[PDB]
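Pasting a structure here, questions to come.
Missing here is one protein chain; the remaining ones are kept as they sit in the complex.
Chain naming follows the written order as A, B and C, and within any one chain the residues start at number 1.
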Amino acid sequence: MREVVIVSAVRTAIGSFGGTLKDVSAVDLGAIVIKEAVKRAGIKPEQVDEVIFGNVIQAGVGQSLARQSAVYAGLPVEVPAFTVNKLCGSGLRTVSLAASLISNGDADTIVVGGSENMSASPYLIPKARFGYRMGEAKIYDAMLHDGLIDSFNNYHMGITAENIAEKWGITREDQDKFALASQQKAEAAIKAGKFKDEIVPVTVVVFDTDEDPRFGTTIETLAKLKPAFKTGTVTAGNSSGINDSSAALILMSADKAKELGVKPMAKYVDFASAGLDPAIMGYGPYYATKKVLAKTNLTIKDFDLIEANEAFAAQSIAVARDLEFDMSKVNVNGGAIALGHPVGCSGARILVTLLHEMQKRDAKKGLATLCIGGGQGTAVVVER
Amino acid sequence: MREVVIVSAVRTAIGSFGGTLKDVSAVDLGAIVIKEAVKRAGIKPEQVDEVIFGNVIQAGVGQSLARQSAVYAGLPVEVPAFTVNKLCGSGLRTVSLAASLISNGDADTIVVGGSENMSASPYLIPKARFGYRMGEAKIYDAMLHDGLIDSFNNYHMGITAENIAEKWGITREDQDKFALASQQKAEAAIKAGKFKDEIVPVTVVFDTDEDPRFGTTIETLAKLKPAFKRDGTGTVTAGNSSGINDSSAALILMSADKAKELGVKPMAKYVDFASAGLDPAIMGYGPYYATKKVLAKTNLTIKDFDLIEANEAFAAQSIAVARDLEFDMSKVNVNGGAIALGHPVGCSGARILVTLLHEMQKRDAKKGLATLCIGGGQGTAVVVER
Amino acid sequence: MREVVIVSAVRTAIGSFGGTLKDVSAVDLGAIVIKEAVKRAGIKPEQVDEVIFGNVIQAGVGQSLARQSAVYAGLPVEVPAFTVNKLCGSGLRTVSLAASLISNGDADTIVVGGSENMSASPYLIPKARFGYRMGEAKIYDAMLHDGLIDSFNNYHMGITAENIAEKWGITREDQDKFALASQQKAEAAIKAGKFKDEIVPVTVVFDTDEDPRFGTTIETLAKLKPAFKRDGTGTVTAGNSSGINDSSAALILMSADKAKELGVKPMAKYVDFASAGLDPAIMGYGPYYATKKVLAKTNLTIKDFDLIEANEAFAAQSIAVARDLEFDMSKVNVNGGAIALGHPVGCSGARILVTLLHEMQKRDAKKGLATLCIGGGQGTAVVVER
Partner (left out) sequence: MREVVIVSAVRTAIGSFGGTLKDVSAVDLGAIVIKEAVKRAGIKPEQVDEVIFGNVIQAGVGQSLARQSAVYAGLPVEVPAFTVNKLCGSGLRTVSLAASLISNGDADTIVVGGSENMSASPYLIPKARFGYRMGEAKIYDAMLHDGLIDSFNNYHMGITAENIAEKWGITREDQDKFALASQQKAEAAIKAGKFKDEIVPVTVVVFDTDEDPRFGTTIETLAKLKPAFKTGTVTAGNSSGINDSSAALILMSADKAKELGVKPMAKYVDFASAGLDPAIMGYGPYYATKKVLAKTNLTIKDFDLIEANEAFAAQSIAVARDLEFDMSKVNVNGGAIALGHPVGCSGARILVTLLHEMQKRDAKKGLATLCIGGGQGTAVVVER
């Protein structure tokens, strides 16, 4: 093995569904963050060995996004690239993969991250090729069909949250209280400038501020909302949204960062992925996190900051209780309920957020983890 | 770093465009080969640590194919999985990635491969969400738009074959002759039983590659019309291109340590890989750069390979590559290649490796190369050794 | 008021669903029959004063079919035209309308008829304009949505046939026996050359009705499964319903005065018409009301007709009608009906009239009735006389 470091990390502000980044392609969002990450690391484009990038709703983006974003970022055509799809886990799995390839000597410098434009995703017509012959037929929303709908059970991932709420005893009030605190933390962090260092502006009008948060959210406001997916408890107010954004990081061997005089943001320690019953996919962080702790001989007390993606309050609460998070150190600047869940990006997005806040607080150790549609979880530990 | 071995390798026969596997989903084809791969390895399902699988035209297959296929194959829900898209390279990149992960200690046993159902791929309506407002618009073929059309130049990958025929001076006749040999070798290989070991039956009982055109003659090929250009300048035809096809393939890589512990007799040792980028406009030449690079990593030359699988996307790109890497053509695609057999994009990279390993065993061959060009301007390669 | 005569009558043979005319547009089929109708009348094109033509599934045919067909048929651009949509009734309503116009002095010579290409009809995307925003949606078959599904009940017109089989107590066996006779008579009529005079060839050389199922037996019909209900309650099948079909038909009506002036020998005199509405849920019974009404206008009874064409949309509705109007069945659909020949919706009403006039001439018959049921809950009828 060899030591791996993270040398730069950047993200766009997160667009709302049908919002300010609705007409900026996933490809273009990826290009902006790849270019900017290279700039921030102070290396040459030619120094990148590979690009590994998340993208989940691939329908209609054209050939393999990673390759497109790399070239339009201005990396040489000589740089090879591939696209990862681990659903919600995509952006964060690019990180661990890269660290493994560098550790094993297969590369020195890899650009990682993820891009998703859920707004711009198309509809699908399954039998346009050989025809329907007779009778009405269904067109599908690619973002749901290839993303947010569990393919095994053919229900929304919202139902997986209700399953967890039921099975873990998580009340509507608890869910809404969790949501409120995400909105509160997010509004305070935005106005306090916490995200200024990590965000690259996009000109569409200069878009530089996360727009999904609902400032002034109250417990009463949340309480009014109707369950969105079914007896229900999971609403659009206590669930992440549908969003458009990208994020990029650069991993390097400690060897090559030294040679080039590149100052690392943090050390990559390790990762873990786990599968579990699709019907409770939201609990996957439990298994992932446990595994990475057994690999690293660590404990939850050893983390100064935790980014745990907030797909749904119900799943986040279940995770937090069973890993026994200290919630003072979780998602300190807000989480996905407020900020958004651009599926193929989020995993990298939360790592970008973690790293910059780790710097501001001079934290030692850090955990990023999130649930994955179809029944998975993945986690990464960093240290400074 | 640790040694990595290949313990099993299996594929479906390759369906034609709108042919016998047109209604078996990419997901189901993947399950079949993942299932059989595990069975052939003599391993329990719970032994698998991860599934890394290729799938290029992902429109309408549902959530990430790798996880769906792994679960429908009977692998425990505890096994994590993800889907790789390096276009035509996908299936072979799953192999090199898994090797790096096992070598780095991040796993002991990984299922890899790829599945593509090009026939079942949908059309797309880009502005159905917020509306077209007024006037005509276009719906797109997912297989072309997300696969076989170069997204930088917005022309078909067949034009890249044309760009290469122009710059390397590869005539229509040279292309047709390469295509005839590919058809001849596939016919003899099929009739000689060469594919019987590696193919797993699919009851729709489909067990024979159906895209080959038995009795192909040079005159046959000369009658066909340029498929991508017309206007006089064309040389690439349906007869000297790979087809559009539906198939899956799977392999199991394992640390040498874990193999020995379990008493699994490996098929072969994984040696190394390389990937390279180049000008998208001549993407077909990617094997050259990828092969030169893996050769340098392994300290081998082309003479060292008993058997070579170089994927036949287009005769025009395969000829440029063979010339510039100075292949001994008697050792290349000995059982026929994609012109004859087909090019199920996300599967092919794994497919050619299963074909290579089986021929290597038949021949007691010592060293093997699998390489292929990649839409967008890339190439990847893997060396194996027995 | 003035006398109106029919001077020419012609149809294409009837194409099957996805059959030989599937790629000849409704517009082109209309041009063919309008062309030949004029030629058969021995009239110059410039003699035509108006074209009134039927077309039901208008989605994607372009601007108003009547005008397109009239111009492509070589009629002067000066000839005005419009398209009638009374669903299944359309082609026959063009006839009665033109008669009223000529009788009222608003024209001397009118081309009438209908054209339907059901095979070539498109699908619809209702919210493509302003967008679906989120989630699954439906695309609709134009032929069902704008034709064969009752828009008030949103069930298929086949259910209306089921409603009638229930209320009139018409068994599956009665339906199958009516269907067998229709298949028998069409086979004999075709082989006897009965359709040779009225049919105009279309080179795609299509000149023979292709929907009939020669050698139909009662056992054949009994094997088929209910097409519209299932759940046990079904009796209406593909074998005892009309099909989905593609064809055109045209006729030329003229004042008796203008006919004599020009020396045009008429085929027949137009007598009168009636149209009626009823409960959409039993739309198939519309002929009863329409026929009772035209009988009252003309002071005739059913016994007075030598020949009857009652369109066979569904055996179930045709049996109810025949019973309640007390038809002499030996005089009905003597050359077979729509179960055998097909139901190209916007054409059929004209089609059955061309078939009637030709048989009337063969038989030197004196009086004739053409009637058919209409989706939405209507019926229309026309009496003619030689």
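Convention: a residue touches a chain if its C-beta (ideal position, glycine included) is under 8 Å from a C-beta of that chain, and two chains touch if they have at least 3 such contacts.
Checked against the full complex, the one of B:140, B:152 or B:285 touching the unshown chain is B:140. Shown as candidates are C:13, C:38 or C:79; the residue that touches the absent chain is C:79.
Contact with the chain that does not appear here is found for just one residue of C:45, C:122 or C:234, C:122. In the complete complex, the residue from B:72, B:132 or B:155 that touches the missing chain is B:132. Contacts to the hidden chain, counted on subunit C, fall at residues 1, 18, 22, 27, 50, 55-56, 58-64, 66-68, 71, 76-87, 89-90, 93, 96-97, 100-101, 103-106, 119-130, 139-142, 145-147, 149-152, 273, 275-280, 289, 375-378, 380. What subunit B contributes to its contact with the hidden chain is residues 18, 123, 125, 132-141, 143-145, 244. Against the chain not displayed here, subunit A makes contact via residues 125, 127-134.
Keep this in mind: only the chains that are shown with their structure count from here on.
Averaged C-alpha coordinates give centres for subunit B and subunit C that are 55 Å from one another. Per-chain Cα centroids separate subunit A from subunit C by 62 Å.
In this assembly, the C-alpha centroid of subunit A lies 30 Å from the C-alpha centroid of subunit B. In subunit C, 125, 132-134, 137 are the positions where the chain touches two or more neighbouring chains simultaneously.
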